[PDB]
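Accompanying notes for the structure given below.
Excluded from the complex is one protein chain; the other protein chains are retained at their positions.
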Amino acid sequence: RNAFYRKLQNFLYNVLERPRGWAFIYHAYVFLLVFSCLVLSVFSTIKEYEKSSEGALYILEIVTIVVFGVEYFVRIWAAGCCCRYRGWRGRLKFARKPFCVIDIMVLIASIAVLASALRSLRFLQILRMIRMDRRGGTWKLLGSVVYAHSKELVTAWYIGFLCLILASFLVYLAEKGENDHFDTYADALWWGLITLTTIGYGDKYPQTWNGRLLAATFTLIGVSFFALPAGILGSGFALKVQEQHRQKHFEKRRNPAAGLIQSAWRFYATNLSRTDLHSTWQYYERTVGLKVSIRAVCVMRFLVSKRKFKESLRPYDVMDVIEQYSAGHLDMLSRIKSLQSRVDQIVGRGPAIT
Amino acid sequence: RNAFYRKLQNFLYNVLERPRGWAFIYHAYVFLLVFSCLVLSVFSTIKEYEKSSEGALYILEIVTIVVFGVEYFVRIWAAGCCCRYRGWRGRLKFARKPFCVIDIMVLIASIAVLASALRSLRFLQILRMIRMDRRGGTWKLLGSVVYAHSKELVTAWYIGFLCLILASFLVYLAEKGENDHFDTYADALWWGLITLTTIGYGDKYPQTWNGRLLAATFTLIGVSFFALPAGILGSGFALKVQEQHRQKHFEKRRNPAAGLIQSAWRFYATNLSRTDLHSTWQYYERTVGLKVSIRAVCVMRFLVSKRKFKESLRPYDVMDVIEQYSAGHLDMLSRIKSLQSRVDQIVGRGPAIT
Amino acid sequence: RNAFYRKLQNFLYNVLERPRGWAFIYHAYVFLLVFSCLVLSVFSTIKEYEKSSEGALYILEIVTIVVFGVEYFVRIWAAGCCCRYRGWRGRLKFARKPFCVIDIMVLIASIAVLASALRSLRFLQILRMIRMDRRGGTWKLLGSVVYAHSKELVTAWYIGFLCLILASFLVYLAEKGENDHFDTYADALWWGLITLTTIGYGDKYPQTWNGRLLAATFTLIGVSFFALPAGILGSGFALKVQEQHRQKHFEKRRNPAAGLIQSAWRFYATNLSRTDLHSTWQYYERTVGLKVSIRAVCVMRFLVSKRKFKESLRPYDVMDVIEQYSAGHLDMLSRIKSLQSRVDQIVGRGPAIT
Amino acid sequence: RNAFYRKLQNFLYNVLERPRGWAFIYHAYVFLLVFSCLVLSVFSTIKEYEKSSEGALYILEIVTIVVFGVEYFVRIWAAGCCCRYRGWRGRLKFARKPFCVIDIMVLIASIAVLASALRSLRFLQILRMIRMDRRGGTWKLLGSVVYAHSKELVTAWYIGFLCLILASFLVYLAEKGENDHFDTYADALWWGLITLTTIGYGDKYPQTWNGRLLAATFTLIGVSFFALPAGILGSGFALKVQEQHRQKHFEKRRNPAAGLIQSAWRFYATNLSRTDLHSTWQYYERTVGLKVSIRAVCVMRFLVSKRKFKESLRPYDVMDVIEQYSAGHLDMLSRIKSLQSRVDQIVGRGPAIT
Amino acid sequence: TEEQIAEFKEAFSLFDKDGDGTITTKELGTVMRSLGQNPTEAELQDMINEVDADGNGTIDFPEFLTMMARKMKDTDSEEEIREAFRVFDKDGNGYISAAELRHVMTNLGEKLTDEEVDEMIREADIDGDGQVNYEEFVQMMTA
Amino acid sequence: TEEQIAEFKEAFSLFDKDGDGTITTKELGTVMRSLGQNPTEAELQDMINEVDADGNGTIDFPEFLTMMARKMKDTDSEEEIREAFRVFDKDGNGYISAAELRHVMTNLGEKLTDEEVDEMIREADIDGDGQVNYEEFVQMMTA
Amino acid sequence: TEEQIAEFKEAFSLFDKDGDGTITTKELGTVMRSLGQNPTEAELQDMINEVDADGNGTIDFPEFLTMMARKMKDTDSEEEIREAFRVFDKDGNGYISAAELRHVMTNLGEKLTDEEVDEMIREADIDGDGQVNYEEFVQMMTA
Partner (left out) sequence: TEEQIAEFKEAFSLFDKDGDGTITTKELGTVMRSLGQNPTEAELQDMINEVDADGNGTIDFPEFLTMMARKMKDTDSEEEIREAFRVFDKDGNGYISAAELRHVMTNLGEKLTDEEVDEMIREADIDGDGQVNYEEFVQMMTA
């Protein structure tokens, strides 16, 4: 079982950890559990139905704390998947993660109330869904795009601010007395923001057609300006994902290059005189004529990996025309090298016939 | 007529089937028929005018069921256009399509009520317009773009969710007692969603200026965040269509390549010794010195197709600079090959004068 | 004056006609005239101020009809700028343009009422601003982008339609009796459209929290879907304008190529034996040893234009690397041609020393 | 201290002036000061809290005028950082900037009222935040994108205008008598604009289902059209920033080229005979065998800078394939030059053995 | 061979409808209709062009016999046809399925018959897995 | 020919206004105005430059006679002018209509007269369909 | 050397399981399992292919001794492996940290042991700063 012991720990934790296949299946579903738990937590917030609300909601609360307490422990052991952490030191060392500690804090509070907590109970389920991330790559991705677009965004934000301030103030002095709505500058600022975002509550508006003629321009500007940063950041994502697709072809290229050099040093360490190079010999003797056989084993695996890295990059539009460039150019070079050979034999028979 | 019989079946079904010319003309118009039928089906839902509504609506219902029942049959026979389906087996075999079976199911229900069905009648006309697709390429195209943008979308969705939850809860505790509007957390959540989407019904809003100061920030964030995924997917389509335009030039290139190899094997099968290669001989003898003539027929058509594929790709910006690359580089190669010939004659007269 | 007569006609009509410099100055200003005329035409639609409204509005009406009647005539004569139209036939021939005829029709109606017409008066000023285009390139540009994006748009339109229909119908059966608002399916459809476009009038909404839970999802989908085609077409323009910028560099390249061949045939027609080539000789003799001088005149202008077209294209990123490609590649070719010369002299002295 | 005197003036003014590191830190914070001052200036506009509002607001007003008066002076002296301005003439010359003069004007008014000014006080704080720019690069960036997109924008603006006019007028004649809302064409135009921008105040709407059928189409068009220019300009920024990223790699390339030629002329001016070239000699003798040493000093710094500019451009996708182009092509050229040497020696021994 | 020469003269007279000693374009369209096809006149032109040594607009018996005596290995289109194979093997891994081959040979260019594509795969599939290695097949056909 | 030499000396003295033995730029602008055109001074400069063998700023009679004796087939711009033909045949198929040729020759560069463009197409259209094959026309003109 | 020849014959018979005189693929997978690895059959094939001089599908002792006698400087992959070094030194400045080397050698390709990567850096770091200059290391290994 120990073979399966480490197999399941490693592979199933990599699923549990950063996955690539179908780990989001489990993760989206446990998401659904805790999230729907939250929803029915709000379902208790309907007095007409809150009774049955709690009636099933405490059911779901039991389910939730069970799910994430066991997730705590099982992620612990499955983290035996990690080479650098195996046993006492490693897993009694890595537990001091802030994500982990807030995990156990909220979870022990969960079992405590699972041993009038409605509000903070909402907060802890909140922290569960927050726990979905573990990496902040959301914020990382965002701030990247933002800083990438910093001067554009500041442009929009500034000019929109000015339209808001100006037009609001103007109409405040446009319907100062004809409407109880617009009676303080605080009033108008509420109106300006509620308007320029195209929300349109309706609880205020101008009636003096002069004031209406004020808004009936500054709206045309501001509302679009407020609509910009959504549109900008939306594209900004789109552009980023396209170009990253292209580069993705290269990282595919990179891993075969990424491994061939491994076999390269695996070749160099194979000298019988290089007993100081005990790295691969101990790797083999631990994975254990035959030793020179093992030399040929690793070194020949290096040679085959050599052609492997030769195919590390397959295509890419500019790199693909790099390759077709390679075709015509290198075929030419083959031909020129031939002509080199021709001139070389002629240089040899220069003395041969003289 | 049998020549016209199969001609009309084949070509007019390809119109009826996946078209490229002007088949959408007929298809949009029959769309208009069934759709306007639906509209007047709602026109029966105005009591002031529902009487005349049904008065003409049953007219349109007759028209509709006629149209699609005949479409069922005529698509059947026109599907004699299909090589793999010709007669008993083929067309008595392909009818088991789910699109086809739901077609006949809804249609036989149509003639049944065309022999108090208002609600499900609406449903079956619904299924007609659903029947417009036959391929789900709508959903296919969508999910492609979505999965392509998965991490971006999840970013937006998550952070927008958090703004919604937080700001709604806050203002709920910001105007807890000053407004009958905001009286349960269910209340606020209705308000949050109705607001952050910039709908602005108006039936709720904050009046305590402290609460207004709450919303007057979280709106500025959330409303844009909710506005993102529209903007993202809009571009995502735009980018996809541009790059697919470029590749479209290549598929134009690809079909002439796509056919020349056909004539290539058409050449190889032309050996009189290759009687085992009875493919083209039976193709000709079924389409029927003269047989060696037919050899030259197919084989020479292959040679002309050889230059045809030589022109398979005409231009493309990177491929076009590939071609101009070909011009200068290959002209150089012509020149180097000349110099090869020069060195070769010199290598020949090395012995000639020695 | 006749020199200035045709000079002013030609150049000032090209301003009046398709311009490139500062003709939009005049055109935007006459736009302002007629447009502000329209606005005050609405200003008559305020009974509190309509009296003074007409008081100055008829002022502006006089101005408008004056402006465009004189524009009719002056565009006529300035169209003497056109080579193909000069005098009786040409300008008594081109007047039959539909733009021109609707021009004179609306304008003669204008002077007729300028010799209770409020409504159609609005219509004719309308047709004036419509007259701003003369080319429909608005519609042309639009339909281009649309057809370019056809399948994307149909995707969005279809799926949005389905959300509208489904969610509206559902909530209609979700608050069928609890609200006088939602009392006919016509009611809901009004509500669905007013909502999914994020307009939010407020005059309807769900109160049964079950019905609110219906909308509180289908909104999240539909409103974004309805927000797509704006975002798509917005980018679609943006992408189009970028790529057209790049190609613009080439058309700059193209005109010098576009003229050098002119001088090319100008060279060929210069043979004294080519008296049949009376084209340039009559061009010169009409623009009038000296005739062989004129030969050298046109032919040498061709040669200088030859280097002119040599500089027809200056740069372009891919074309610019085409040029730097030209630098290294052609320098190499210069060097290979040298080596050609070397092998050629060696081939000559092969016999010289043998 | 004079060394530190000019050091602090120069570097800390470049921070104060166009920065690249962390000057926005100070600038955003002083922004926060003046801006929050503005906010509490509005805080005086709440009668329930205006008393304490002024109570702390005059505190902040003292802070603000202090901040920007000292900013005036300290920017003056720190502008001793500027080479062209050092002492009497320079700093008594540059002060006549319009930004500077409006600065001192508003600021002296500030200290004047800091020696019933609420409204214009708001205006002067306004001008402070306006003072944040100093360059108008906001407007510059905007107008660039706008003119870049001019014809697209005019397309959208025009067609949206037409939808607004037409649909508004129609519904005005669609519910002319059934609603007190729609009673003048001015009424409808207010409704059209409030609608097509998706604001949806709610204070007007159609009830005659015929009129509702009018709006329930022209909305579907217009609202998207009004939503375009936001989406367009949003992308327009995004595209601009991407392509400018690429070019940014080149300006990085450009500065090392930008300096090597400096050392180039620094070499040429080093001739002892070129005493007329007293530029570098006086630069050194002012920065002061040894003079020929200084020759080698500057000239050798030129040579090292020569390889520096050789590395001026490091990579760029097309330029990077330019470089890999350089690799294969130039390696080929090395090889061809070798073959040149071969033919040259053969041309030399042509006579040697003949 | 002399019998090859006789069969080629026989076929030439077959295309040599009017017996002038060359095969004009009209006899070519004629014989194509006799075989059953409607070749466009520019089509018969290019056939002459790649058969017409002199370029006279007719296929003389000289050009006839030269074509009839030449083999596929006498055509010089190796890497060309290999790229033309590469298109359908979009992955470019050397093996295109008999599936894609069969399907596209049923609906692209001059699509052949079932036995036509059948012998195509049988000669193009020699190892027996349907996956049609294409560069091997061009190597086998071009030699 | 000697009569060619005489006509070229005659035209040279025509440009040789001051009779110095070379054609300076001033006589060039002078003779251009005499013909009727206003050539910019840099324009006359480049004419000298491509005529001025020595590079003196004047067109000596040596350079004059050499230009006057040289033909269009003595100019070496085949593929250049062919690309310059290609631009207007945007499709690049070898045939540009007499329509596009005529129109753009009426509104591009030194647009010619009707008979100018007319003889242009008559020499550039030799088969009689208005569609002006351009590489044939450069081949015919450049030889 | 003769003792080299003897050790190579010894190892060959070790791979020469059935003793036929060549090392078929089956003995290769066998000896790989004996060493402990599960090499795919195509893997053993390519090993033969780059060892199989004749191309018979087995590694004869001729091919065995030739490989066993050849050195790393007898392999001709200088700039290849240098590019393969360049990948991990993404900056391409000649120095990759022992950090990145160690980490990726722990989680890429056939990741080695700690002492394996340790000796890797010790031979690849010769100056003693962890930053592993890679072109020096290929220069040292390839000679």
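We call the chains A, B, C, D, E, F and G, going by the order they appear; numbering starts again at 1 in every chain.
Criterion: a residue touches a chain if its C-beta (ideal position, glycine included) is under 8 Å from a C-beta of that chain, and two chains touch if they have at least 3 such contacts.
Q: Which of these touches the unseen chain: D:128, D:149, D:266 or D:329?
A: Hidden-chain contact among the options goes to D:266.
Q: Looking beyond the chains shown, say which of D:156, D:294 or D:339 touches the absent one.
A: D:294
Q: Where the complex has a chain not shown, which of D:76, D:257, D:332 or D:346 is the residue touching it?
A: Candidates D:76, D:257, D:332 or D:346; residue touching the omitted chain: D:257.
Q: May I ask which residue of D:306, D:314, D:335 or D:349 touches the chain that does not appear here?
A: Result: among the candidates, D:306 touches the missing chain.
Q: Quickly run down the residues of subunit D that touch the omitted chain.
A: Here the touching residues of subunit D are 83, 253-269, 276-280, 282-284, 286-290, 292-297, 299-301, 303-307, 309-310, 312.
The criterion applied here is as follows: only the chains that are shown with their structure count from here on.
Q: Work out which of A-D, B-D or B-C repeats the contact pattern of A-C, with more than half of the residue-numbered contact pairs in common.
A: Duplicate interface of A-C: B-D.
Q: At what distance in angstrom does the C-alpha mean of subunit B lie from that of subunit A?
A: Distance between chain centres: 30 Å.
Q: Roughly how far is subunit D from subunit E, centre to centre by C-alpha average, rounded to an integer in Å?
A: That pair's centroid distance is 65 Å.
Q: Counting only residues that touch at least 2 other chains, which ones in subunit A make the list?
A: Expected reply: 46, 186, 198-202, 209, 227, 229-231, 234-235, 239, 318, 321, 325, 329, 332, 336, 339, 343, 346.
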